[PDB]
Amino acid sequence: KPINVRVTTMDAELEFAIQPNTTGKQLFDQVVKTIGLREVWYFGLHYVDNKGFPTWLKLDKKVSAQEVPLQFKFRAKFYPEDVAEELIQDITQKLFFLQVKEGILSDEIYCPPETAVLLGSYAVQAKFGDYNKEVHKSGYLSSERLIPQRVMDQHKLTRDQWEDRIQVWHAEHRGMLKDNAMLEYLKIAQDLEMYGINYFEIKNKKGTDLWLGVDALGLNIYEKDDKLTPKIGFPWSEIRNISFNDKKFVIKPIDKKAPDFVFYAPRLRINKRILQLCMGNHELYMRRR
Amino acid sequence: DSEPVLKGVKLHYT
């Protein structure tokens, strides 16, 4: 019985026929070969196909175990610590650039206003080349989404207002090739507080709603309203152990005097997804060292 | 035998 699956990358869509004994790895490997991606360890096959949960597919398990064409999103799952130092291929860099830009523009990654303008200008340099008073004049940037909706909502400028501010930065990017404009975009984005972080809805022992963030450097607890500023930070080197059992997850600090952090997930599968990102990020962190 | 079979592709340039 053939199963229809769609995989989308940030600038491609692929439709596949797979059998019930096709592995996640066979799907992943044919995606990466089609697009010519070598730096595979950053990436994964995403799917909101739990009974409602955002998840990452397992490569050494048959696709035919967890399911909501079957829809998959080929996306970066782990983020480098330093984008300029670590991303080797232009394709890898482009795929991060597009994924990160979508997170910013969709309001998912908070962005200050002047940063949004500057980022938008690099995106403009990447999509349009050098600004030319001849080629790009009045309204060259209408029809273009360049600033997050929450930035515009909180501010008092019109669309032409915004294009104008972006246009004055575009011109300073004369001589910048596209690939380099995409990296400069990432150099700025990777300084944003929400960049590169996987957020999970958790509760402490008192029943307060919190966020857990897992990122390349460790674990963070946020109050429900402040996803930018970690309330509690757990860098890998400050963790004695991490554990879960069903819905209960515990972080034990290296400081024998300091107390455990205990929180609760809504289901077992959430805690499993948290720990796999924990393991994946810790291992990449150790591999860099 | 279990290897996926590509039936469709869309590539966005811009």
Given for the second form:
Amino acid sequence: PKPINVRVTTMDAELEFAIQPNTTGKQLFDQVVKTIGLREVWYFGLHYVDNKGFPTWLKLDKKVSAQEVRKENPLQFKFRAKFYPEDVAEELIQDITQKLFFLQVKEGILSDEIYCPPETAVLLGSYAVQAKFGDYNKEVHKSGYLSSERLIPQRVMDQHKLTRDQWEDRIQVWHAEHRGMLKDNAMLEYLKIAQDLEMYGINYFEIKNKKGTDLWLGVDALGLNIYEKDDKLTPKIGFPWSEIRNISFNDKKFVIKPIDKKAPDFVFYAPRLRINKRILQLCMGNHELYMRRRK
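Right, the form deposited with its partner chain bound is done, so what does the form solved without its partner chain look like?
Next up is only this chain, free of partner chains and other molecules.
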């Protein structure tokens, strides 16, 4: 039948090939991972922009052609991590997987999505520089060698009095300390530091309690967190996956039901059904992976 042209990018590559009207999301996903030689498939998914302009995750047990992908030639998909390990250093197996996590997390730090304090930004940048440039080399890494790099999150640059040049100098000092460090190990060290950031690995959603107070829900590899609207850093209430019997989803509502029956149910409301559906998907996926690491 009539071929459908698609294009899939990962953090550092683009793939372009054709699929058929009957091709399922799983079949497309399978073609992608096999092409790049990635086997740790449980972390990843394909997202696309729907016909209304909303980023959406591709459903694997459904025809690609049946999912309202923005109609264009080629269809555009991004292959990205949807789930994060609990500890990158002990769980990730392949260099490719580790690289794609490094690139994706670094993107979120450099875009200011993931709050990073200044000294951490400098340490992180030093590993990214070691990964990209290799060992510091006086001979070729002369002043301004970091001039065209996005090194530091803009919000960090903005809340301080240092200049671009001075940030570079701080990174260079740390870059010099990493001498001999192989690229894959620099990426791993980067991820070990980022993992410790308070906003790392969390999807945030606007929600309200029954009182109508505006809050945030965070969903991550470890469980659920409830935050006050003005502070995404420090949870007010935490619900580890180990402590959750069930999360019921009814229309716009959610109800977190504890394993400990002596604890009460916690009820929340999300503003749009679209968002609620995605909360459900992330809860399901993270809970499922949580069980695996333990058994």
